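Participant: What follows is each chain in one-letter form.
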Amino acid sequence: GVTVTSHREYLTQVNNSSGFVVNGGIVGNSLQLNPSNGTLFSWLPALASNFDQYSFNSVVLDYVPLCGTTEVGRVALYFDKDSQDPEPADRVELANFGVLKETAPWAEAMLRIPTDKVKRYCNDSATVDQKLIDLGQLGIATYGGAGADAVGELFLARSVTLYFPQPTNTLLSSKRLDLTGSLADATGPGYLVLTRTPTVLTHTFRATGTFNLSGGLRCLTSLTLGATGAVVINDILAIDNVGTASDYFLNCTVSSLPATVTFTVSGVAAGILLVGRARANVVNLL
Amino acid sequence: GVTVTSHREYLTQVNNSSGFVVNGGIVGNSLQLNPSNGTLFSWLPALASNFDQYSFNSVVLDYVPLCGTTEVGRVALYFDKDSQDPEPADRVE
Amino acid sequence: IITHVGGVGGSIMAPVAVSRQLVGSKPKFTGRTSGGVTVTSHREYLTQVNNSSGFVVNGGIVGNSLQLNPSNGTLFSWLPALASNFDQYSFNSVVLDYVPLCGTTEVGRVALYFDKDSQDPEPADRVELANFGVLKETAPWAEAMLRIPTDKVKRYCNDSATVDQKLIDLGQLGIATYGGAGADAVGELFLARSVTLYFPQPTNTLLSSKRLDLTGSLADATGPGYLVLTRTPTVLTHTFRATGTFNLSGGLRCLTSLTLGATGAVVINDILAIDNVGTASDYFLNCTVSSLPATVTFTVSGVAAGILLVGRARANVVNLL
Amino acid sequence: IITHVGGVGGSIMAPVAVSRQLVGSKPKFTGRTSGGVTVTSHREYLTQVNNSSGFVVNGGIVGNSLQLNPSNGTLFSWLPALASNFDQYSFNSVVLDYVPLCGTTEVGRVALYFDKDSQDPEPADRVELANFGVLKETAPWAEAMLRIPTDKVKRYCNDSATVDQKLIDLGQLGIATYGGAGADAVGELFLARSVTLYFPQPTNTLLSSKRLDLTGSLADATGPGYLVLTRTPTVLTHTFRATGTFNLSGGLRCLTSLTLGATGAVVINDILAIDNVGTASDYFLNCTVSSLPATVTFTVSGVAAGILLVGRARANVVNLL
Amino acid sequence: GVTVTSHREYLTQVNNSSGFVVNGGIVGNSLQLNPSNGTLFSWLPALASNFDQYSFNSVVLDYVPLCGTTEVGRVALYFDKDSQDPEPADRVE
Ligand SMILES: [Ca+2]
Ligand SMILES: [Ca+2]
Ligand SMILES: [Ca+2]
Ligand SMILES: [Ca+2]
Ligand SMILES: [Ca+2]
Ligand SMILES: [Ca+2]
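Protein sequence lines correspond, in order, to chains A, B, C, C' and B'. A prime marks a further copy of an entry chain. Whatever position you read off the first sequence (first residue = 1), add 101 for the deposited numbering. Whatever position you read off the second sequence (first residue = 1), add 101 for the deposited numbering. Whatever position you read off the third sequence (first residue = 1), add 66 for the deposited numbering. Whatever position you read off the fourth sequence (first residue = 1), add 66 for the deposited numbering. Whatever position you read off the fifth sequence (first residue = 1), add 101 for the deposited numbering.
Just chain A, same shape as in the assembly:
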């Protein structure tokens, strides 16, 4: 009952900098090559969630280019064997990696990844030494631009061996904010973080695609639906009761970072939601 997958999943759209940016000019070894990475693998997500040991055979970074032979910059894909080491500081550091590639933005690029066949574990129970379980880290780095616009969209060449199966993990996300607090439970994966600020929520995307959002919260105060970045709102429904708490269902569709959304409200005294990837699917009354 040991399954083998070899597929090609999309991954992110690289914007420029003048300055020196990595995986978003964001931080905390985001990309870790383990499948799941709900953050990295948008497709492999809920297949290996019925399994416990993972092992690759091929993984290749692909870099195509939307921009034109006259942008002015650097893209760069690398590979750290320590799922945990921290990120690229500068020019001289990126370049010293074993498995790196150095391309203009307009020109077309490749990278293949060094796969062992070690019996490595997926993240269902948790494990602080993310290194002894993760295959690698993945980098994408841009310096020397002229503007933080888009030049590149990178893909993921897959080949994975699934092993001992028992219980799909939770393709479904559960995310509690404490009443005044910080943070209640998790189930994840994790596509979203839901913070509050004393007034107002934060729904901060890590994932891309069509989602489905369900939930509401504690306020008292009618909902004004804002969000920021790559975002295609689909269905916003928005019960309130003013005085009390409220509910929101909504259906949106991200293809960027930064995607943000936020609900605007007052007296955010309990935050609850669930998120579990979904189609152009309804989410509103009639």
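Because the hints were derived from the structure by calculation, they are not lab data. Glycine residues also receive a C-beta, built at the ideal position from the N, C-alpha and C atoms. Check the hints yourself; a few may be wrong.
[Claimed, not checked] Restraint-style ranges between C-beta atoms, simulated for each label pair:
1. C:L326 - B':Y155: 53 to 61 Å
2. C':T365 - C:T228: 34 to 42 Å
3. C':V82 - A:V229: 50 to 58 Å
4. C:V333 - C':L280: 51 to 59 Å
5. C':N158 - B':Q185: 54 to 62 Å
6. B':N117 - C':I334: 24 to 32 Å
7. C:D250 - A:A287: 35 to 43 Å
8. C:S159 - B:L112: 51 to 59 Å
[Claimed, not checked] Counterexamples of contact, computed for chain C' against chain B' with all Cβ distances above 12 Å:
9. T69
10. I78
11. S107
12. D217
13. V229
14. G289
15. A370
[To be verified] Taking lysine to any residue and the SDA-like style, the derived pairs with C-alpha atoms no more than 20 Å apart in a straight line are:
16. C':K202 - C':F121
17. A:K182 - B':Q154
18. C:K92 - C':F121
19. C:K220 - B':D183
Given the coordinates of chain A, work out where chains B, C, C' and B' with the ligands should sit on it, guided by the hints.
Facilitator: Just chains B, C, C' and B' with the ligands now, kept in the frame of chain A:
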């Protein structure tokens, strides 16, 4: 670029009815083997959802026991090649 | 001989009752003359499966105990103190055995499984239990088996402590019952053993250390783990996972004389109970569990620091004169 | 090769120094497939013979410790926890080994012997040591041996307790030094092992229980014995026989705040110290000995009941938060 | 694209203590073999600093002599497979 799968998925709890009943006495060929059948297959739910053709190699029905040697009845598993023909009316069909 | 009636060759008999007969499992050590290091194969018993109309797993007990590492003092009652002069463990055979005390007329489900992640959490429901790779599904009255997928990786025991219980443990073990009619006993399960002992060391102590934060949750551990010691704002919790005669030593922060309660299988042995009211206090006690649920709890107020130690002990004193 | 001078074939060389080189003793178990019961032969070290101008025996330590039974947690540092899943012991070979750290110019006597009565008392003087059947008499600097007379009688371990320590123990072991010039170190002695394990049992706990009478002397024991806990009318005595990291649990009858002293090789770890003044008290503490003399004592007044328990433990907590 | 290394690095000066001592009576498994251990390995310091996995093939402890045939003591080298177990309490461990 294709997958193959061999696992074991639970299906429903057979209760009793002295009458004569068929899938819960629900009707509209529910049990169809296709995967998905979310009604039938609780696990493969999400593999054949990244795919467009399917083809089985083995399918076996497995029937274990909740009741005891003094329960008093008949159970019965069958297979119609027409995903669409209607259900069993009586004993003799 | 046997004449059984209403039977023509090829027919089925569901009898009034069935039973196997179990004997003295007297271990064999094998000398794998290696690094001059040892190998053990013996048969250790494991728990009495009681029923659960509802849906229960190793006793409704939670915090993957069960854990396949030897020691698991929680799991392995004999191997306790050999893999105790050693540092690397590796199995070759482990088989779950399920015999049955009950009779062909109880009405329920038992079920043995195996999770490769010593750490993933437990079975929620019907549809989840069944999806496991290495599972077995038996009525209760009828007789069952399970064999376990053993690698030969060089895995470490819990002598120093290690939060990623997964990268060190071989597997998780489940036993699950739904659909009963009463939470009585139907089954007693055994453990088919075979382990390869390696780099043998100065012998590790088996003593338990368990700190509650002042207002908090949890300070250190050393374990094994027989006990969890929680507080609630007033009052302690000493929640057993283990069975036998223990010895309890410690006291805590309160101010407020100790009232000694406990719950379930329990045979109190020696309760001694210093306090100082205003301040903190101490308790030594000696008790003896043979069940789950065994509970004990101390009753107190303003539980502002919890400390204890537990290290299995005889009918041994624990009180002044 | 070697040219040594002033030597004609047949002559004697008393060198500046001598030394043997000692290695990793990695045990072998043998499978005596019997009642499916085991056999062990490994090499356990035993103590560092220090000198005694005067006339001393296992440290000037008294209460035949030393005792050849396995466990003797006092004597055998590894066999501690195997003959611990078993109930009958029987040796085949036991040999005393005496190597030497010192040099051909120290000035003294060491001496290994063997009393068949686990219980007779100890060597008084010169003329007494020498009269033993199985004795050896070495300067200290020079290298020595002793082999021990083993019967094959079916002898019992100390799991239940037994006052006639003689009818159960194999022998007594002595090491004796007189005529020194200083109580420094010259020797480190080893233990050549070979034991036949028999009727293997549920594994016994190694936990120590030690009661002082109210005004009295002595209440119960369980032992092994690492500790003796005496009182003097004011004040306790906790007199070590054992070395390592322990864990101490208990308190006592006084009235009078605890002042924690101790003496010799000692690394205090956690001293916690409830009192109630007027009444009794409790102490948990965690310490770590590597010597004799290790002493500790609690200082207190009106020591009207003594109770404790001791059961070897790690760098483990033993205090509130 | 991998390296291999075979050199010899000095480690610390063993002094004496009639007591019973372990790495200087410093505590917290200092001597761990991993490279880096800057505390232990003074030279490889800066190769395994351009690398992420390591794997030894030989490791040998070498003990020469500063003192003289009338020094009066015991030295002793060992090896624990648990980078983490605590240190030796006494002679017998
Ligand atoms: Ca898992
Ligand atoms: Ca048909
Ligand atoms: Ca260890
Ligand atoms: Ca799992
Ligand atoms: Ca006995
Ligand atoms: Ca060790």
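Participant: Hint by hint, note whether the structure agrees.
Facilitator: Now for the hints, and whether the structure bears them out:
| no. | hint | result |
| --- | --- | --- |
| 1 | C:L326 - B':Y155: 53 to 61 Å | 54 Å, holds |
| 2 | C':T365 - C:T228: 34 to 42 Å | 40 Å, holds |
| 3 | C':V82 - A:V229: 50 to 58 Å | 57 Å, holds |
| 4 | C:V333 - C':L280: 51 to 59 Å | 27 Å, violated |
| 5 | C':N158 - B':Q185: 54 to 62 Å | 37 Å, violated |
| 6 | B':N117 - C':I334: 24 to 32 Å | 25 Å, holds |
| 7 | C:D250 - A:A287: 35 to 43 Å | 37 Å, holds |
| 8 | C:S159 - B:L112: 51 to 59 Å | 32 Å, violated |
| 9 | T69 | 17 Å, holds |
| 10 | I78 | 19 Å, holds |
| 11 | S107 | 18 Å, holds |
| 12 | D217 | 27 Å, holds |
| 13 | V229 | 28 Å, holds |
| 14 | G289 | 18 Å, holds |
| 15 | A370 | 34 Å, holds |
| 16 | C':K202 - C':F121 | 16 Å, holds |
| 17 | A:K182 - B':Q154 | 8 Å, holds |
| 18 | C:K92 - C':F121 | 49 Å, violated |
| 19 | C:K220 - B':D183 | 12 Å, holds |
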